Amino acid sequence: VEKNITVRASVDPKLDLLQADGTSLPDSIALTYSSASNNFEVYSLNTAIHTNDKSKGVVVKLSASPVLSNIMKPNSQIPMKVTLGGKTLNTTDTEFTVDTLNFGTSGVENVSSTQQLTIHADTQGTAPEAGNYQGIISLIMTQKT
Amino acid sequence: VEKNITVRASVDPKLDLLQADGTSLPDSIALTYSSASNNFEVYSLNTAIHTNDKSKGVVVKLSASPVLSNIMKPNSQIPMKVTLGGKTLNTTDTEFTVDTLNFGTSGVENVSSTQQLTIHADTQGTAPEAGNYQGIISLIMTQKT
Amino acid sequence: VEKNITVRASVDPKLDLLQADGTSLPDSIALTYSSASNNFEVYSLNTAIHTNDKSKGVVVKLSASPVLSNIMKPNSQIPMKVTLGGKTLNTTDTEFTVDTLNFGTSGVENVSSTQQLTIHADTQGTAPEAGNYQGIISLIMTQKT
Amino acid sequence: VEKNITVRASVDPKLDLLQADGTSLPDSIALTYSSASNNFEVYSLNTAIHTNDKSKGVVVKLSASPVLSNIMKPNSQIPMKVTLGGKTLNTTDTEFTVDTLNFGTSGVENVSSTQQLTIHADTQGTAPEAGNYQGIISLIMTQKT
Amino acid sequence: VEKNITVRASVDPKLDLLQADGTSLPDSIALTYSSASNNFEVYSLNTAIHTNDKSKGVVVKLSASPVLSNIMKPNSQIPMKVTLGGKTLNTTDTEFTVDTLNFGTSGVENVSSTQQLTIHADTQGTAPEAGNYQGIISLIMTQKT
Amino acid sequence: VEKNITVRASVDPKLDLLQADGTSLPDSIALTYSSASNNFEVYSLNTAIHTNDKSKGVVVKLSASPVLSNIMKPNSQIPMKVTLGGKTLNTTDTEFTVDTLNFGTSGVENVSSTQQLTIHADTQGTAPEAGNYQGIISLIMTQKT
Amino acid sequence: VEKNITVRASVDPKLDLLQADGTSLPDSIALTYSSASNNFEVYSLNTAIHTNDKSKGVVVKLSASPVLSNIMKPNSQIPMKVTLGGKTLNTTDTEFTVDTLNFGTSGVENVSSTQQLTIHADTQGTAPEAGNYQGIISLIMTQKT
Numbered sequence: 001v002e003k004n005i006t007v008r009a010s011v012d013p014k015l016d017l018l019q020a021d022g023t024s025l026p027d028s029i030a031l032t033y034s035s036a037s038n039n040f041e042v043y044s045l046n047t048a049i050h051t052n053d054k055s056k057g058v059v060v061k062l063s064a065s066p067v068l069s070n071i072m073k074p075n076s077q078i079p080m081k082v083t084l085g086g087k088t089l090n091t092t093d094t095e096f097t098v099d100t101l102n103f104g105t106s107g108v109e110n111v112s113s114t115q116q117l118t119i120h121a122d123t124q125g126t127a128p129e130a131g132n133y134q135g136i137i138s139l140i141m142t143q144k145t
Numbered sequence: 001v002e003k004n005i006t007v008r009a010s011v012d013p014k015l016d017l018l019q020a021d022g023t024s025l026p027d028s029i030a031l032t033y034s035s036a037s038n039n040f041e042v043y044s045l046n047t048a049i050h051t052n053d054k055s056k057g058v059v060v061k062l063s064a065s066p067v068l069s070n071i072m073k074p075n076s077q078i079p080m081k082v083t084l085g086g087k088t089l090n091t092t093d094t095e096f097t098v099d100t101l102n103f104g105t106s107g108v109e110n111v112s113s114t115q116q117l118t119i120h121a122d123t124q125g126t127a128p129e130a131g132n133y134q135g136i137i138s139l140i141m142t143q144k145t
Numbered sequence: 001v002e003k004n005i006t007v008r009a010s011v012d013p014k015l016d017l018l019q020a021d022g023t024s025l026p027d028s029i030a031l032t033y034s035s036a037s038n039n040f041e042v043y044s045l046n047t048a049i050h051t052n053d054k055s056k057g058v059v060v061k062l063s064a065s066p067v068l069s070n071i072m073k074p075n076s077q078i079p080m081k082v083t084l085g086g087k088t089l090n091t092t093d094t095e096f097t098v099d100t101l102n103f104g105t106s107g108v109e110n111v112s113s114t115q116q117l118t119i120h121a122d123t124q125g126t127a128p129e130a131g132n133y134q135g136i137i138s139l140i141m142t143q144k145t
Numbered sequence: 001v002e003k004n005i006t007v008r009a010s011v012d013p014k015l016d017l018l019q020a021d022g023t024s025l026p027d028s029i030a031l032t033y034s035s036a037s038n039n040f041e042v043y044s045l046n047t048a049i050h051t052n053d054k055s056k057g058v059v060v061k062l063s064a065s066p067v068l069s070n071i072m073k074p075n076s077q078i079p080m081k082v083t084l085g086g087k088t089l090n091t092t093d094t095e096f097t098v099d100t101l102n103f104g105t106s107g108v109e110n111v112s113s114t115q116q117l118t119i120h121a122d123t124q125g126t127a128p129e130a131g132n133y134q135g136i137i138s139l140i141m142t143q144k145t
Numbered sequence: 001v002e003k004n005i006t007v008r009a010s011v012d013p014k015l016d017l018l019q020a021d022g023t024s025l026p027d028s029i030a031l032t033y034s035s036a037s038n039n040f041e042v043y044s045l046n047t048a049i050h051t052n053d054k055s056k057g058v059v060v061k062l063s064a065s066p067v068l069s070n071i072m073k074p075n076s077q078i079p080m081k082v083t084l085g086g087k088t089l090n091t092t093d094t095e096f097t098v099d100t101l102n103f104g105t106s107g108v109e110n111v112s113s114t115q116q117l118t119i120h121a122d123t124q125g126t127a128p129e130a131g132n133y134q135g136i137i138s139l140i141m142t143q144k145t
Numbered sequence: 001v002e003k004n005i006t007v008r009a010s011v012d013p014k015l016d017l018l019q020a021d022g023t024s025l026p027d028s029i030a031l032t033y034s035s036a037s038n039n040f041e042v043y044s045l046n047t048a049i050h051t052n053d054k055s056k057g058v059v060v061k062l063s064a065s066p067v068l069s070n071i072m073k074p075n076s077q078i079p080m081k082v083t084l085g086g087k088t089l090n091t092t093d094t095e096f097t098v099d100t101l102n103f104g105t106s107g108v109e110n111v112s113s114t115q116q117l118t119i120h121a122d123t124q125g126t127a128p129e130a131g132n133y134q135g136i137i138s139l140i141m142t143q144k145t
Numbered sequence: 001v002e003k004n005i006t007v008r009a010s011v012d013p014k015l016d017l018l019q020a021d022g023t024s025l026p027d028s029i030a031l032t033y034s035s036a037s038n039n040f041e042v043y044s045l046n047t048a049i050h051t052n053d054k055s056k057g058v059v060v061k062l063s064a065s066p067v068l069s070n071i072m073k074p075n076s077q078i079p080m081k082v083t084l085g086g087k088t089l090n091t092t093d094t095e096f097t098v099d100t101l102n103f104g105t106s107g108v109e110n111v112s113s114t115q116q117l118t119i120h121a122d123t124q125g126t127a128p129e130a131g132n133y134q135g136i137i138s139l140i141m142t143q144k145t
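If you read the sequences in order, they're chains G, A, B, C, D, E and F. With the entry's author numbering, the residue at position 39 of the first sequence is 39, and numbering never jumps. With the entry's author numbering, the residue at position 41 of the second sequence is 41, and numbering never jumps. With the entry's author numbering, the residue at position 38 of the third sequence is 38, and numbering never jumps. With the entry's author numbering, the residue at position 56 of the fourth sequence is 56, and numbering never jumps. With the entry's author numbering, the residue at position 124 of the fifth sequence is 124, and numbering never jumps. With the entry's author numbering, the residue at position 40 of the sixth sequence is 40, and numbering never jumps. With the entry's author numbering, the residue at position 34 of the seventh sequence is 34, and numbering never jumps.
Incorrect hints may have been included.
[To be verified] The following residues of chain E were derived to be distant from chain A, with all beta-carbon distances above 12 Å:
#1 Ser10
#2 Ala20
#3 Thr32
#4 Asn38
#5 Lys81
#6 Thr83
#7 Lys87
#8 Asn110
#9 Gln115
[Said to hold, decoys possible] Subject to a maximum C-alpha distance of 30 Å in a straight line, what follows is the list of computed DSBU-like cross-link-like pairs (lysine-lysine):
#10 A:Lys61 with D:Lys54
#11 C:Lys144 with F:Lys56
#12 F:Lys56 with E:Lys3
#13 C:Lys73 with A:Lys73
#14 C:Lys73 with B:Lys144
#15 G:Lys144 with C:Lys3
#16 D:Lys73 with C:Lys56
#17 C:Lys3 with G:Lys61
#18 E:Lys81 with B:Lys81
#19 G:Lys73 with C:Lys81
[As the list claims (entries may be wrong)] Covered, in the sense of this in silico footprint (three residues per stretch, anywhere, with C-beta under 8 Å from a C-beta of chain E), are these stretches of chain B:
#20 33 to 47
#21 72 to 83
What the hints contain is simulated information worked out from the structure, not anything from laboratory work. Every residue gets a Cβ at the ideal spot worked out from N, C-alpha and C, and that includes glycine.
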């Protein structure tokens, strides 16, 4: 036949992280460099947590510390700082209490309040070497008793 | 030599289904799960039908009823409802009359009006089992007297 | 053992043609047919020339005239026109002068300016016969005094 | 009896290494050269460790030091550095602790967190001789008390 | 006389089974194990039935019940379930009606609709013993009145 | 003495024909039949010509006309058309000029450009009799003044 | 009595060297000549050592130095270099320590890690005389305290 389309999906019944407007988080992001400040800008995205039950809190962590490294020479790299809900995320987990998520206040049941997601490839005022840089962020989420 | 590139193309002289912006349909699509509603959201795409002759209509059908099934445990699957031009597609063909396609009204000869293509892997408010899913949509399209 | 991975690489110390984003050129491409115009669409890609020394120009040519031919019936075929940097390529080599390549202006040393690579399986307003088509393009590239 | 298809499979009941999307790791990979830097680009792939029991850690090592060597003249070769989970692999085994793997946090039982697998044919800024290169990587994985 | 190449081909004038892209079916396939679920993943391939005359249906059967068996110890084996067009195949013949094959709708005369061919080495949630496994599938297909 | 391995090799110091990836040409090939068109599909392989001295051209010819004949009944056979570098080969030799071979442009000295080798068992739109077919192609190559 | 089949097998209870996929090593191999480089290409095969008891090391040696000699004229020959596990083999025994073989890490008890077997008919950049060459390699293996 003509126009064969393959459909894929990843399902996590307990938790999901979607944008405040209902769309899924972008699969990739692009940072903007500013030679005047010799540092990257802060990337901010509005996200809302979707949960199976509203009686349990959420715990968020990263699988590994994200690093933005040049593709041609990995020796040059810029650590990236990721913060969710105003608190910095790390390889050690952090807990988001149920009372601070405000489940259902947006008008949709089991949908959390808008959480500010921030990515910052912060250099210490030192210009990285010219080239193309790439990295990956692995945001983990789990319910807590 | 260096930089050998192989070119491939599938030609159907009578009929083609492309996006309203002139680009081809995506080869793959991704559905986003929502733990709050325990269901997938509707995926929508704008498409335009290209025809060899504008005086003869189009009939559309699916080769088989698509189902979104887990790659590891096919026992769990989510049937997908496909609709084109506002009418649900089924294994039994449906006819799009010529006067409802508006060939040429977009400014380009033999190009139909924008048709809404919708894929919805709807569960009956039942959470599918955790994992990643995969499926295929086979959209057949033929001209009709 | 388990998970044996074979690594392969082709090395040309003098020249390399890569995408503007740093990744390698695609090994395969697909063309989009449109029955309304009975012709293929133009495929365009951004590429950047890498050179061992920035003081020497580059020459580009095709090993043989690329032709898009049907796999079932090679009698039906569509000649393809390849153009790089805005100038049409042919089996007779064409010269890219050094001052027109802008080596180093992108911020990375010995990297040329973005060159527009275009492939067009241009039919003379004639619908090719239905079936699957396949062809290969061989892009030769050499330094010139 | 027409259409005879032979099926093969290798089973390791205790451990498996698969891509984050659930598919198996590629059997072969290709590296891209860049004469501007006279070095290869870093190849990165997302992988997830599968385990029979979540209470036991994982240990990773290489059977032999992988080396990318020319097929025509093995005297020319490029040592390759393999790193999994952010820590460099070596013929002397390295230990991945259980709490650093996050078994089950992805939503699928007994599936580890995404581990970044990186292959880099790091030349010391020295152009290898022209030709075709080939190498093999043997990634060992074992459960550790 | 140098470069002697031997050519072979099997001809069935009445029926053939080819991939949707026009190439022949793969001779060998590899299944991927996942110790997390202690089961094999489903392997799916798109195929199109080629027929001499479009007025006759197609019947599909297996010569013998395919079984995936360990090469070293045949006592350990995993039965494989084969389904084509959404209906499971068996040693007893199954009929595909002509109206269900859609001969010619793809744009090529006498070429049927894409049929989903699926192979699943379904264990009953029990881990097979370590080793290399191999099996064979003999897909018999014939025309029917 | 255990593990006795016999090694064989054919040496042609003046000319060799190898694949573009550096490996030798396949010893055996298989053609795929298509009952819809009642003809064999075109088999294409990329090859590169190796020479002792780049200053001399290459001449290519076939020892005898290749014919694809049924093993059980030679009376039924299919002539095969072989083309290298875009020009059909024949029992009468054909000349490939030195300037058309582009020796060394691939980055390896004394290695020619990629030459398209194509084999087509072109039936005249007539289905061959059912059975197994076999044939041999003897590609002769020589240097010419 | 029709269809008489003779079965032969060589049994070495203490050691066996087989391919990584479980099958036996090839009985004969073919090398590829390249007149451009006037040297043979390196032949690489994946092999795994089998042992009766995993607590003992393995020793590898050759009965006699392999030489690739022309069948018609023995005066013209090419010495062959054989390396197993990354260390070149010679007429004098070599040591493979138990800790280096990694018995059982592949998931099958008493099966060693994949050892790279390399055969190279290394000419000193001198073209051998035209003709057919044949040679034999006798790989001896023993267990050592």
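At 12 Å, judged by beta carbons, does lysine 81 of chain E keep clear of chain A as stated?
Since the minimum Cβ distance to chain A is about 21 Å, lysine 81 of chain E lies beyond 12 Å and the statement holds.
* Going by Cβ atoms, does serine 10 of chain E stay more than 12 Å from chain A at every point? -> 26 Å, holds
Holds or violated: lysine 81 of chain E with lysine 81 of chain B, Cα cutoff 30 Å? 27 Å, holds
Query - Verdict on chain E covering the region 33 to 47 of chain B, where coverage means 3 or more residues with a C-beta closer than 8 Å - result: With 0 residues closer than 8 Å to chain E, the region 33 to 47 of chain B misses the three-residue bar; violated.
Reported absence of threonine 83 of chain E from the contact zone with chain A (all CB gaps over 12 Å)
17 Å, holds
Item checked: Given as non-interface: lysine 87 of chain E, which should sit over 12 Å from chain A by C-beta -> With a cut-off of 12 Å, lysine 87 of chain E remains clear of chain A, as the shortest Cβ separation is near 17 Å.
Q. Regarding the pair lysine 144 of chain C and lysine 56 of chain F, is the alpha-carbon distance no greater than 30 Å?
A. 22 Å, holds
Worksheet entry | Verdict on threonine 32 of chain E as a residue remote from chain A, using beta-carbon distances over 12 Å | 16 Å, holds
- Query: Is it the case that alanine 20 of chain E keeps its Cβ farther than 12 Å from each residue Cβ in chain A?
  - Reply: 7 Å, violated
Review point. Is it true that the CA of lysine 73 of chain C sits at most 30 Å from the CA of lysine 73 of chain A?
Key: 48 Å, violated
- Task: Would you check the hint for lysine 144 of chain G and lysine 3 of chain C, treating anything up to 30 Å between C-alpha atoms as holding?
- Result: 53 Å, violated
Notebook entry, point to check: Once the closest CB in chain A is found, is it more than 12 Å from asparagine 38 of chain E?
Noted result: Answer for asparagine 38 of chain E: holds, closest chain A Cβ roughly 20 Å.
In the structure shown, a violation is registered for the earlier hints numbered 2, 9, 13, 15, 17 and 20, in ascending order.
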